[PDB]
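Enquirer: So the chains spell out like this:
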Amino acid sequence: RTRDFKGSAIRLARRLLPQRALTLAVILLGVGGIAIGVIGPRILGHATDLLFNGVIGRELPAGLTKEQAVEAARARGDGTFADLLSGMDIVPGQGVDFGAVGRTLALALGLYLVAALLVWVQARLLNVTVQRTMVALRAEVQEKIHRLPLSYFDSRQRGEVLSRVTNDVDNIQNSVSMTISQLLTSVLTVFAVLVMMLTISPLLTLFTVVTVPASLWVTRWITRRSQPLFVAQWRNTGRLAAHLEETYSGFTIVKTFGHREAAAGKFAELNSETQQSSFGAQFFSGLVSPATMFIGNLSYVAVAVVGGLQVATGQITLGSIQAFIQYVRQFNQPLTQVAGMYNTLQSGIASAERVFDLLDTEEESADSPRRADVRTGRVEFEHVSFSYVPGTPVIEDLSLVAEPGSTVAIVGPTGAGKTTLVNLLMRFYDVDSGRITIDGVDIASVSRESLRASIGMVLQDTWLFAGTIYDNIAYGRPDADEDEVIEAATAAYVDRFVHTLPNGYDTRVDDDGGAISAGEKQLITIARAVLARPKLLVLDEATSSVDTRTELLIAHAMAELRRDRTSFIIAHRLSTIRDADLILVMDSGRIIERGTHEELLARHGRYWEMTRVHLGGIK
Amino acid sequence: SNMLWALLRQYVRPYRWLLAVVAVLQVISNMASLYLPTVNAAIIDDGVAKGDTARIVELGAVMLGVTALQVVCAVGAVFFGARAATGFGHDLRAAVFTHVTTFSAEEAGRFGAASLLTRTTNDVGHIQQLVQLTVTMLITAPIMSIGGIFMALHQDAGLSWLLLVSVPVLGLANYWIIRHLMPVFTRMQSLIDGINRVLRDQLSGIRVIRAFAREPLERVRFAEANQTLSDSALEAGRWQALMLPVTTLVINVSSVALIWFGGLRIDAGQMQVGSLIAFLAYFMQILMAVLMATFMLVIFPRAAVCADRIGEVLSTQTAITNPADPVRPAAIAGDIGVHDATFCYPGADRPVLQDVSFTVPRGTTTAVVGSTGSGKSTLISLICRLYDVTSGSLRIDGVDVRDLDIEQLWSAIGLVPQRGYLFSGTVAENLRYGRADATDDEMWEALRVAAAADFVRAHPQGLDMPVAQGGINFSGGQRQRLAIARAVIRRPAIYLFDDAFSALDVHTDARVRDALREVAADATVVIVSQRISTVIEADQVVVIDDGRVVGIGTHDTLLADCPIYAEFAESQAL
Ligand SMILES: Nc1ncnc2c1ncn2[C@@H]1O[C@H](COP(=O)(O)OP(=O)(O)O)[C@@H](O)[C@H]1O
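Residue numbers (my numbering), protein chains in the order written: chain B, 838 to 1456; chain C, 49 to 622.
It is worth saying that the hints were derived from the structure and are not from the lab.
Check the hints yourself; a few may be wrong.
Claimed, not checked - In silico contact screen, one side only, chain B against chain C (beta carbon under 10 Å); selected entries:
hint: 1; residue: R1166
hint: 2; residue: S1291
hint: 3; residue: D1348
hint: 4; residue: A1355
hint: 5; residue: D1384
hint: 6; residue: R1386
hint: 7; residue: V1450
The beta carbon of each residue, even a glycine, is placed where N, CA and C say it ideally should be.
Generate coordinates for the entire structure from the input sequences, incorporating the hints supplied.
Expert: Written out as structure tokens, the structure is:
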């Protein structure tokens, strides 16, 4: 839940502030439009006063005094009637004076036009401001994402940052744009209608303001009652989603073995349960508006009857009551929305505080534009003891030396630290103790844009964006020619399978119908790495899902045939690694031994042991 | 635009009689809400200007009764509308799930489970929300307007023409605004989806985004998407900002004209003052209902694209179908025959599998090996008919697989796919999928055969050790072994292994295979493999490259005659 309200709201208002006079003008136009929209019905009530005065003065005998007319009415009885006559400006026998009514209505119509124009202009300006600030926020979030160190993405949960960066800004939009318009107009409207009501009469004003405690209490009570049903619906929909995930993801297994009907029955039971829960929750959620409308309508009964009886006493005129009734309706109208928009406002405030906490996260140290270059690929390590967190030494006393023509291989069990090794070589994380140098150049004093753009690196998993396979391969080097992409592709044997797809090199790899399994995913990623024309290739177990024949063909063609560049190879299959230039055996975060295939065959140790796992699997 | 209505007018049909009752309840509640100003006119008319406070209090009691009726009818309307919307959502979810159940593997892969789940639950909920909102909130404005015209006719219809001309102009203005706004809203929703896709893609592979130092391209793409979304949202905001002021101005100008014409009628003596108050309150109620209803009109485009996405699923007929005249043998042995079969996706330049002609004897272990992407992954699905043969024929025991009863075939086929998966619950629950009635002794025998007993026995819960919803809590090798054991307790005529042995340790694979031939040598075993060590022991070996058969025979003959298998073996050997 939310942890900071005042600070988050203050900084959101500050984010909308920098236009200064523009925001001030927006608020001023809103205040204006509200004020004129409140004054209007008072002028209409004055016109109704004139009409009522004329119609009730035409009845009395002409030429009499108003006090004389009241006395004459009282002499025959009708005390309430005479008290009424005493309550407005009238002269017996006078007409309705259509000229005064006409000019009053002309003033009212002009004011209504002015108020409509002001409200429209205010809404336009506020929309422009909200979209401008939202573009600014999106740009700031993008710059942040491209400036965060990888430690945040590593430490943060899998499904948290995506909703923090994508859904939260949408909540920011649907919060700021809705509230800063509607809540502000509603608060100004209720306050202006309240002060106008107090100007008219306070005794009725009390009867129109007693609703707010009652309406707020009713809304809070209905929320309290709805919370158990809401959580029940949430849990039932969660169970339904879990069962649907089980059925859809493992569709082959459920389709086979004849368990289709059992899954259908389980879904039917879960669907009935979630139907019941959703019915209850939605009923109690929608119950709020009729209740608050009922409270306001009861207030309407109260104000109508009290105004009628008090006019019968002559304490006020009829037009004031007509305006007062219109104010009562205009007072209730925003209350229902204001009661329910508190949840949206606080959701937006929580999303804003989360996004600003993300934007306040410390950034990785600035680059040093040394503009390093590679000529021999002499990658050397010395006394590296990097660890993710103060604690276990994930990397310990690591040291190695490469060769310009070497395709050196790092092999070990899962969780040894090869991925963190290549990550450190990518400067994704800092190194505590020891130093990393390539071609005699310390990469710690080298800008990352100059470094990573020349190495070339592939993860075990594959990242493919919502583009065609052609764009996916061309991402390695967009400046590459059209046929250079096809050459790099056929170098990685993706062309061996791509033509079997419905649309060769044009398939939406995000929308693909599952025809691209993990091995061909890795083939596509390898092709993308090839197209970048790297000179310091490393392969973090992109070796996994592909077959060994295609493995060895690719490895040869783009690491051993390309003698001008050194390479790093990581693979769990020792076959794919055999006969490579220098082999590094590493365990427990440190290199156990190093040498060539014949050397670690000659001396029996760890490497001989995993060679005795697959073929000579003496268990 | 039209798909949503083509879905509602189909899947709300069972609830027509309930929508009728919610409509009449809403009508009565709105009519009482507009009747309150009518009796207000009465009390100001013959209570005021006459000095009768008894009439004042009597009409006050009448108004209290009217508002009580209004609240009871509104509460009933909300209740029945919530029931109708929830039932519609339930029916739509059931129908969508039932239609998805009949899908083959081809269309399921075409849609994707990660999107099919949301398309079957959240994109049904989005339409349910719109149905409930339009039942309980949106139809208030048209009902308010019609009731206002009716009450104007009831209350001195001599001026009711003012309302009769005012309401149509308000409706025309709002309809024009809605018509010019809705396509902009749909485009804005699509662009929001696009920018969310861009952000998700950037976040998923930030490591590889920085690996290629392609930050400027990502910044340019995000800036372009954000700017076009901003332009669409600005147009939508323009149309929405030119929306409330128009309605407010129309209502206020109509009210001013109402005051003028009411004064004119009062001068002639064919009008009374209270009717002016009643008419003004009618206008205020109409404005309130119109604002409260057309505020929510952002929901409609989202539900429209949502219903289009659901209709994508609901309009896709399954390619796989029972022949409706199925061959019904008493049992089918382990004789698999493939004759010149080919398989290709529509529009593909080259087939993914072609010219396969291998066959297996009654009981035999046959292993098919090939390079990645060379159609090997589809042969297993073709045998058990996940997909269907485009050209050629595949037959089981001499009768075509497309003519055999598919359910009987699956009952006789023990398959473990490369898409390894498990269901929630205990290991006994997942293992129960094999037979659903086997005793625990048979399950233990299965784990012994699958080499999974060695680790599952150490758990205190034994067969009842809980598993993850997606099987994540187990390792890949353990997942494969559990799927193997699930296959073992079926006693099927043909075993279908879809590279399940690839992820296992070689010694574990050897012990699993020797145990399997110890228990079920008579049953035919078909293995697609990526590793040679699981192929040498097979009686018959067939190799496919580039989607076509390149070799067949025994292992040693494959070395002697097949250069491609020779390369495979020399690359696999240590
Ligand atoms: N969030 C994390 N992600 C990855 N590894 C982590 C994390 N936190 C701690 N570690 C440790 O860092 C080590 C990295 O090992 P890794 O490079 O993945 O080995 P391999 O390359 O063989 O898979 C692991 O042993 C793990 O214990």
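Enquirer: Compare the structure with each hint and give your call.
Expert: We went through each hint and held it up to the structure:
Contact between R1166 of chain B and chain C, as hinted, is supported at the beta carbon level, the nearest pair being about 5 Å apart and thus within 10 Å. For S1291 of chain B, the interface hint holds, the least distance from its beta-carbon to any beta-carbon of chain C being 9 Å, beneath 10 Å. Hint on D1348 of chain B holds. Least Cβ distance to chain C is approximately 8 Å, under the 10 Å limit. Because the beta carbon of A1355 of chain B sits about 9 Å from the nearest beta carbon in chain C, less than 10 Å, this interface hint is met.
A distance limit of 10 Å between C-beta atoms decides the matter here; for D1384 of chain B the minimum to chain C is near 4 Å, and the interface restraint holds. A distance limit of 10 Å between C-beta atoms decides the matter here; for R1386 of chain B the minimum to chain C is near 5 Å, and the interface restraint holds. Given hint, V1450 of chain B at the interface with chain C, holds; its Cβ is 7 Å from that chain's nearest Cβ, closer than 10 Å.
Hint compliance for this structure: no hint is broken.
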